[PDB]
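Just one chain is shown here, as structure tokens, and it is the form solved without ligand TE4.
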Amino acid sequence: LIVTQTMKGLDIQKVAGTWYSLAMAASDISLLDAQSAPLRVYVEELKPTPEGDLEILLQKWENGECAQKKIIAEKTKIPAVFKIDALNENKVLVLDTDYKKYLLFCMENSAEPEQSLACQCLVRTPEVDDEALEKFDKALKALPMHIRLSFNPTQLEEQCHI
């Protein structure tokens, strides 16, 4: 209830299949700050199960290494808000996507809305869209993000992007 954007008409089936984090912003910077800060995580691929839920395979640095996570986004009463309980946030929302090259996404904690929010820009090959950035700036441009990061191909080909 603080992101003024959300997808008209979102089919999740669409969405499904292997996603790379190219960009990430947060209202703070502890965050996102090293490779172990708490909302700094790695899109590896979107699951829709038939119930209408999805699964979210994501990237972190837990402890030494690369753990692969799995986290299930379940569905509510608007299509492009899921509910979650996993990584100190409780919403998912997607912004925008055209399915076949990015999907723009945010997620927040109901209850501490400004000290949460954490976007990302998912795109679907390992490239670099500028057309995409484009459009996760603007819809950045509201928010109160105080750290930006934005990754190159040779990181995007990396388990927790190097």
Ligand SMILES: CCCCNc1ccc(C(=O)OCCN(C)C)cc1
Contents of the next structure:
Number of protein chains: 2
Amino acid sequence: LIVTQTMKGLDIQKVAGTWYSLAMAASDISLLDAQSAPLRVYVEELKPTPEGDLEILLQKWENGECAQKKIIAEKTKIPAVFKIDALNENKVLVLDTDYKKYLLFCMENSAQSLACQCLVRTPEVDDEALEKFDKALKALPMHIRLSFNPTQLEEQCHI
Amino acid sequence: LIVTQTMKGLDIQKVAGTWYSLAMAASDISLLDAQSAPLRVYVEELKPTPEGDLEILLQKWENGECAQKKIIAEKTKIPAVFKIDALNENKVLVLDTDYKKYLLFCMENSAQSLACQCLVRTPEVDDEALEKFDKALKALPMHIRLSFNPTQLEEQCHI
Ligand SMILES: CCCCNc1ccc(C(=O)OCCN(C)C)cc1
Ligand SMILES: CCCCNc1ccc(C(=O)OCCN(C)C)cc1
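If the structure you just shared is the form solved without ligand TE4, then what does the corresponding form deposited with ligand TE4 bound look like?
Full complex below, order starting with the chain above.
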């Protein structure tokens, strides 16, 4: 209920597969500043379950190393909106996707912390996907933005 | 010779005084990511010498603490262009300023490392100064952008 762009007509099954975290942004610098910042997460693959939950594979820098992680985001009554079981509840929103090239999502908590990423299908700089991302962000109050080049995208934890 | 926007008609004497580093961007993430990143520098005051050199007072996080620093940027034959005596030579460029509200500058080295800041006169979020900054940046290949809120701007090293 900060983010108010969601994608109409979302077919979750078609976001399945390989993704690249091409750009990220967050509402506070410390959500992304360091390599082990809480929301510095690199997406690897999306696996929707037949029941419509979303399994997420990614990487994080945690213990001085690049570690694998698996998250499950459970479906809500809103197709573009999912829920992650954390200590405090955390909504995931799909803002926009064309399935075959890019996907924009944000994660936020119910009571002013927010992070969004531009996911792309391949290790290339997609200018217009980043345009769509920047348009979606201009509303939101972001204070850090990160972008990765094709070299880093082919590296674990984008080193 | 990456940055090709400079300000025509620059009167260096009139940038004198109090500035706030409202936003920064850099060509590589590690130039700004951590609190002690090499180019995470917060500008405090500009002091042009009568001879047209530029003294710069600022703060940096260095030794686990917010430390004062003084730099002098020496004039060149180009009024919007200055030079800092480092190990390797480092050009400072004034892209644009209206003297009384904002100033945009970049620093770069002669052989693909680059950082730019939006300096403002007061601890307020100046939307159009940030617009001008974002327009100036769209050309350049930046990969990290940081923005500070009025609270942090009134704090040493923007904590
Ligand atoms: C279309 C859905 C893409 C969403 N991908 C996501 C990626 C990461 C997260 C997420 O919550 O990661 C941060 C928590 N880590 C540190 C345990 C949540 C969703
Ligand atoms: C209009 C001129 C404003 C320029 N202000 C500047 C601020 C900082 C620097 C600069 O070089 O700072 C980084 C080097 N530190 C870590 C020793 C260079 C110029």
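Numbering follows the first chain given and starts at 1. We call the rigid core the largest set of C-alpha positions that still match within 1.5 Å between the two forms.
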Residue 71 C-alpha shift between these two forms of 2 Å or more, rigid core reference: no
Core-aligned C-alpha movement of residue 87 between these two forms, 2 Å or more: yes
